[PDB]
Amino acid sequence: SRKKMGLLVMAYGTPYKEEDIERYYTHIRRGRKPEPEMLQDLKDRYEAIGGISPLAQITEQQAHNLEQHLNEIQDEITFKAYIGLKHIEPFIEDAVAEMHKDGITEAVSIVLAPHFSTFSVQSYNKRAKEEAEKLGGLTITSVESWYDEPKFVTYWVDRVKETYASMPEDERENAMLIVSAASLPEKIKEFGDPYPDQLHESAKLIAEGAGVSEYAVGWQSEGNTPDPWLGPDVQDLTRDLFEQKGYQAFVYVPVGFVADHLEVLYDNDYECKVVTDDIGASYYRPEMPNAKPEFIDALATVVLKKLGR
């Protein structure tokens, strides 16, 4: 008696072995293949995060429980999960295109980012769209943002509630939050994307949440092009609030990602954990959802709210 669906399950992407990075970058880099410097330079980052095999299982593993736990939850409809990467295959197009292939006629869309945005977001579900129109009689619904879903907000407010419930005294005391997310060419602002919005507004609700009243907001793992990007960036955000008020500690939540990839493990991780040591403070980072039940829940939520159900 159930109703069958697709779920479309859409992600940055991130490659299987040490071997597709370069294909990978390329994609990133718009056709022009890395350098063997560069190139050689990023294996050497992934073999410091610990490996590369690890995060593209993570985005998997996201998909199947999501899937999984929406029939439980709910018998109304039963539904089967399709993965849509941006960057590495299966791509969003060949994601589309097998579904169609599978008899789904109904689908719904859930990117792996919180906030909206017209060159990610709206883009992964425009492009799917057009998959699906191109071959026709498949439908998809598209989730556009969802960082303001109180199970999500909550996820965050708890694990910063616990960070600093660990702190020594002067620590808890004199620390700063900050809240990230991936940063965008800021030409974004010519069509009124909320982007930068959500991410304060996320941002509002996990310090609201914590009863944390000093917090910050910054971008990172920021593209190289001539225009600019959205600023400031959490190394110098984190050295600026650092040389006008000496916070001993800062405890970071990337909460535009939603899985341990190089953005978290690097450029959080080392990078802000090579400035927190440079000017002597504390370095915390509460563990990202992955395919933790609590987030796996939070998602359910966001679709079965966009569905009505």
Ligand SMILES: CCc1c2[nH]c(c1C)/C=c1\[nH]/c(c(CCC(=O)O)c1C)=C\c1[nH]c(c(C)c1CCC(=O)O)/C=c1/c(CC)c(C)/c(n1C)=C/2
Contents of the next structure:
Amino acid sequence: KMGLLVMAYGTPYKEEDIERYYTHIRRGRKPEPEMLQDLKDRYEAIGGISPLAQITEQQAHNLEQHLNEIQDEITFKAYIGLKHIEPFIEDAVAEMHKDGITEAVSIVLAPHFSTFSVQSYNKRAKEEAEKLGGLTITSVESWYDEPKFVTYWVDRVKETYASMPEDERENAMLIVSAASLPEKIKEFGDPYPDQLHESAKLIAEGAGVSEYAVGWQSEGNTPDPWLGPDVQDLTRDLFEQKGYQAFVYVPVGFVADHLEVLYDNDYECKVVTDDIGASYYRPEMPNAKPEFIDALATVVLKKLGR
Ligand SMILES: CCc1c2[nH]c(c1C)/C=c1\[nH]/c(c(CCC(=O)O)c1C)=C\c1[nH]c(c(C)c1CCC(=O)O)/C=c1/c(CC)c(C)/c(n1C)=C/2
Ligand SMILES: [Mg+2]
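Same protein, the form solved in complex with the ligand this time rather than the form solved without the ligand?
Once more the chain from above appears, this time first in line as the rest of the complex follows.
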């Protein structure tokens, strides 16, 4: 019986939880009334918060079921650990420990390694396990290069391009993005930026797309600079330089239909394309599709040498 610790940033399960989620992200400070209202507005804008938290649940559940289905050596038990939403990462480890689990494999629902989004989760998780004792966690650190994951996006892209009208297919620009982070991660030699660039190349060459670019999105609002250029500005600058008739957005850094994709892409990036008279394209996110789950299953099994 092995533990399967699945971690992610987290999304509120109920609208009544939006505020605390914000506080947690703001590290103890409740958001300003307007600031809070502006987040609530965005969730409504995309159809409600309700569906979002369910996707992460289905991903972990399906991953557990598939891993236990494709091989008979190990029986996995999934535990969700989130950064800003209960069950928190430390709560999930505590529960694995309480349940008697002595060995566990963890994986973050973000393909690129970064200090802020993968290393900090693994660290928090392992430190809690050590404090409890008798629980050893083996952590997946990056999987953006897993061929089945790359293939997933390559196929979604080939399809989008093959469904475009003639004019666009010859004047389209592919934008591969991930969640931006403070530039100070460089102080730690964080390869996050490099992994994104490689992720973009792998997908572009796989789909046979030659015109593509790398951008960042969803940066937080702090006094420090964040990884740029932002997808919105990148789209404008690229249009100004070649007048592309279409932009295809691949938020490879994200795995589900969350706020960053449904809003920051489907709304804010479409605002830019609409403004410049270009079509907007954004292939389906992995969510809990079997093709994606099989990719994660292979990633976990490989980490275990199986
Ligand atoms: C899911 C994509 C993502 C998000 N944040 C990070 C990532 C990887 C990382 C991060 N977001 C960050 C940080 C910490 C930056 C730091 O250490 O200063 C990381 C690693 C926080 C941040 N994020 C935001 C703010 C305003 C801040 C600063 C909070 C403060 O006032 O202290 C904004 C959000 C929000 C809405 C609350 C979301 C959903 C969110 N951030 C941008 C997205
Ligand atoms: Mg924003």
